[PDB]
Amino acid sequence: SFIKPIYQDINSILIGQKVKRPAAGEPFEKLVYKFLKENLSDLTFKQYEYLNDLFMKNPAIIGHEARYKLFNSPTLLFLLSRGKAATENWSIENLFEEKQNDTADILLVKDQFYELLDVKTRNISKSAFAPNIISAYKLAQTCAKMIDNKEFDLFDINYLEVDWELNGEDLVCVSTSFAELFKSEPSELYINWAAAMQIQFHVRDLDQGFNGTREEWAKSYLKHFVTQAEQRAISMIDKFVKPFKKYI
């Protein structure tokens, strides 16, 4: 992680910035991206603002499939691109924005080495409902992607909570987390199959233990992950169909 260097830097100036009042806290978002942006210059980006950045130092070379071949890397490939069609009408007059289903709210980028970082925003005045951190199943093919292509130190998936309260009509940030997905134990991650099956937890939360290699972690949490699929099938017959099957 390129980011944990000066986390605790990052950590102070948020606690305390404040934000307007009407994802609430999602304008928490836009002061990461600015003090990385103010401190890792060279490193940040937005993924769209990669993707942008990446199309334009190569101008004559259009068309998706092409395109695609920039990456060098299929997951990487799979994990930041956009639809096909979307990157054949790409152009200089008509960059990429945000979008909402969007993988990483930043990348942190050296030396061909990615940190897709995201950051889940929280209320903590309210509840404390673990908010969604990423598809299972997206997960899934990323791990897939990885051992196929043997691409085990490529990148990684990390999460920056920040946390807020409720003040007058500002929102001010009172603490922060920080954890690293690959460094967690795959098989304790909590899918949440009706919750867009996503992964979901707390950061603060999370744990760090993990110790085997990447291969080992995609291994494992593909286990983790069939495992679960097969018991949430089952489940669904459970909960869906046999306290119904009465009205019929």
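Positions refer to the first chain, counted from 1. We call the rigid core whatever largest set of C-alpha positions still superposes within 1.5 Å between the two forms. What changes on going to the form deposited in another entry:
For the residue set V172, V109, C143, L76, core-aligned C-alpha shifts between the two forms reach 2 angstroms or more at a single site, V172.
Once the cores line up, the CA of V241 ends up 2 angstroms or more apart between the two forms.
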Contents of the next structure:
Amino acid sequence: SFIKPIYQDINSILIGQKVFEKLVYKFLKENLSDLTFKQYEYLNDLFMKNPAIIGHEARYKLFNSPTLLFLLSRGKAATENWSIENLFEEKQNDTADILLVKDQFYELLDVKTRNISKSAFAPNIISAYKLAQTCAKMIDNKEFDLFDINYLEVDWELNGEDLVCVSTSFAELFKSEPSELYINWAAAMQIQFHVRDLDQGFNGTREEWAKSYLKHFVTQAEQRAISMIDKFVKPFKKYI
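Alternative state: the form deposited in another entry, after the form deposited in one PDB entry:
Coming up is the bare chain, nothing alongside it.
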């Protein structure tokens, strides 16, 4: 992580601050200026850097990585229609809120905020299916050290007309034991967790993480089918 080394610095400027996400981005731009991009900014930048090549087929080649292409591309129509006159704009569906890249390595950073006084209810983080596809591409293309997917969480609470940061957490998806990732099938098959709760004890290689995750995904998919019968058919058979 490019963020990890300065995490203490980020924690310092946030804990106690009253008003949060922009604060993190601002700090990143000032201390990691040559690395910090918003995702849409990275795409525009990348295409604006090769005004020669046009079309979505050629532009897709610019990512020079099937896995990277899969995680960051905007789609054929949008890519085809991209021009300096028609630039990309912030779209929630951009996997990374903040993108840090250096020497072809990428850190997909997601910054989250949390009302620490509203009782825990893990939010959707990312599709378990999208993650499975990502792991498959990493394995198929042997891309095991191209990128990381990390999270920064800012905890706050109410204080008059001001929300005050009270704590922060940083975690890396690929440092978590795959089997400990909660896949909430009903909730858009989304992995759910509060960053402070994410496990960080995995000790193997990225390839091993990928294979372990896929084993977890397949296993939980089978378990979900079993749970669907027990919860959605068994209780209603008597009405048929």
